[PDB]
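Take a look at this one; I'll ask things after.
Note that one protein chain of the assembly has been removed; the remaining protein chains are unaltered in position.
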Amino acid sequence: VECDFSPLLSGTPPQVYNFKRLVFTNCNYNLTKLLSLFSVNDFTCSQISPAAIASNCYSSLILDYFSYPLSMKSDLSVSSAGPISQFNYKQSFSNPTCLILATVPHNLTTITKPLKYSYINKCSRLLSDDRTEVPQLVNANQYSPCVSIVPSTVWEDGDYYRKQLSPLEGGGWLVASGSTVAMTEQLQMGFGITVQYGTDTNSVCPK
Amino acid sequence: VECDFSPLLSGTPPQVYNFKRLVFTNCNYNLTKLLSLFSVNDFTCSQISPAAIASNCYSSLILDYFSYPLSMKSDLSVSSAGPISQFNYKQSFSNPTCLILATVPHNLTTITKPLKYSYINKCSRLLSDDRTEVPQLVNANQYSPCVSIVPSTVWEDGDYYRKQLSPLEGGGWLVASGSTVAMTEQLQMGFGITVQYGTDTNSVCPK
Amino acid sequence: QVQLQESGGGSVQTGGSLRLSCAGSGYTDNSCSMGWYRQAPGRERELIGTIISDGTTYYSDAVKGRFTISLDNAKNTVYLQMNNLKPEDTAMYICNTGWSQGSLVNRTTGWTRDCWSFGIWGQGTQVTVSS
Partner (left out) sequence: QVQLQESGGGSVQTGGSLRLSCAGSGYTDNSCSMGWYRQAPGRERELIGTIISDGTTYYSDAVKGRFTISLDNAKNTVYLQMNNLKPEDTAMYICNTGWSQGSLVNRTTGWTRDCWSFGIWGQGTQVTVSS
């Protein structure tokens, strides 16, 4: 049963904060083919080698895909410290993980283009005490708490957003800021792969 | 949203090797009521306290229920070495675990009684040589590889079962043996509670 | 029972470096955010930074190049390294854990509390920097 990477090739890819994840188990994959459909600019892996994913059988493959400017290629990994790593997307690095940057070809009409690239500059929680900032750093494999108050596409750089937390939650406000980067002629997307050694039933496994 | 322990209170419970797992997420539970409907004969916990589960909140609650004789309560834990721990049911002991032994009251008509109590004396794998035996000890939170060849209720103690594994599986035969303990007047059942700490935590609280 | 205790405070001559401690009591594991703040007398509490277990840190942009935050997950202590300390830095340095997605747990007892609805504030330590 071949792994279904169809959802990626159809639709406007989401922004980094609202990234889309496909979790594959009990399937066989051809990563060379998926990357054939795209123009790859960088493919750097941490606790795995791109070859070993294509030469070895593992329990699960997780592909998180999003629209990301190659202008910020350095910022995606935790090697570089900045807003994306702190408040937008974090892989469970230390586990076998790969980050790829790609430009969508003119041929790939199914992958549509966003109006602009957008990201969260900061997501923070101001407390009722006015003790103020308790910045909400992103958790790996999870979404920023500010995705509720941050628009799918940020209208303007420096846009600021707010939500009032319930008394039960502890009172206070959730505050966020947005930053925008202009869209390229061809969409530049970013792909995150996390492979898990797992125990038995090594199931994702090359073609 | 109350946790639904309803699947347990309706139907003939499975045998230990065929344990039924109910995973509860984003629900609230009162284990006092569930145990209230039964006559508890033991509530022993490791790495957790009966009452801490009732006083604190955890990411998930797993209850595994099965028909088990009180004759074998000593054997159920990893503390005692023997077939149930080796080839039938093993919990993640290092993780918080509770093992509960209870008798179904005459009032609980919905929990029906099996015709006898059954367990796997041995699950072993003869290899391609037709001599080598690799005993298939049960992994935790998983079923025996022999559940396919072992009957849901064993007709006679010492019954033997066989399956030929395909050449792709490494070849060989899968062999198993079964043991029978007579049914009591009132069904005696076994329950396994495993709770998990997590980033959210507030998923399975009490009350 | 759960509390945080700061340490390493005292007197440093200007240009010096001090590393402070915020040990936590009553929790085997913390999945939450531990953060450092400074309050001068007559001045508001100002965020120094926030850290999580992975090593991810946020700096206030004024503590850039001088203040650093570290965490020891076992021995649950968060630390602040302050360098080129100057007289203006003299203030009370306090630490907080809480209000941050993850949970505080004691594996020995089975206790768990959600940091989103809970927070702990440390007593405080004073850094006096003199010429």
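In this document, chain identifiers A, B and C correspond to the written order of the chains, with residue numbering beginning at 1 in each.
Here is the rule we go by: a residue touches a chain if its C-beta (ideal position, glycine included) is under 8 Å from a C-beta of that chain, and two chains touch if they have at least 3 such contacts.
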Selected residue (touches chain absent from view) among A:23, A:40, A:57 or A:115: A:57
Full-complex touch with the removed chain, picking from B:139, B:148 or B:152, is B:139
Touch with the missing chain holds, among A:14, A:151 or A:198, for A:198
Looking at the whole complex, which of B:15, B:77 or B:86 touches the chain that is not displayed? B:86
Mind listing the chain A residues that contact the chain we can't see here? 47-49, 52-53, 55-58, 96, 197-202
On chain B, where is the contact patch with the chain that was removed from view? 78, 81, 85-86, 90, 93, 122, 125, 127, 129, 131-140, 142, 145, 168-170, 172
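Quick note on the criterion: only the chains that are shown with their structure count from here on.
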Could you let me know which interface, A-C or B-C, is made of more C-beta pairs in contact? A-C
Measuring from the mean C-alpha position of chain B to the mean C-alpha position of chain C, what distance in angstrom results? 46
Inter-chain centre distance, chain A versus chain C - centres from mean C-alpha coordinates, in Å: 30
Could you list which residues of chain A touch at least two other chains? 139, 142
For chain C, residue numbers touching 2 or more other chains are 101-102, 116-117
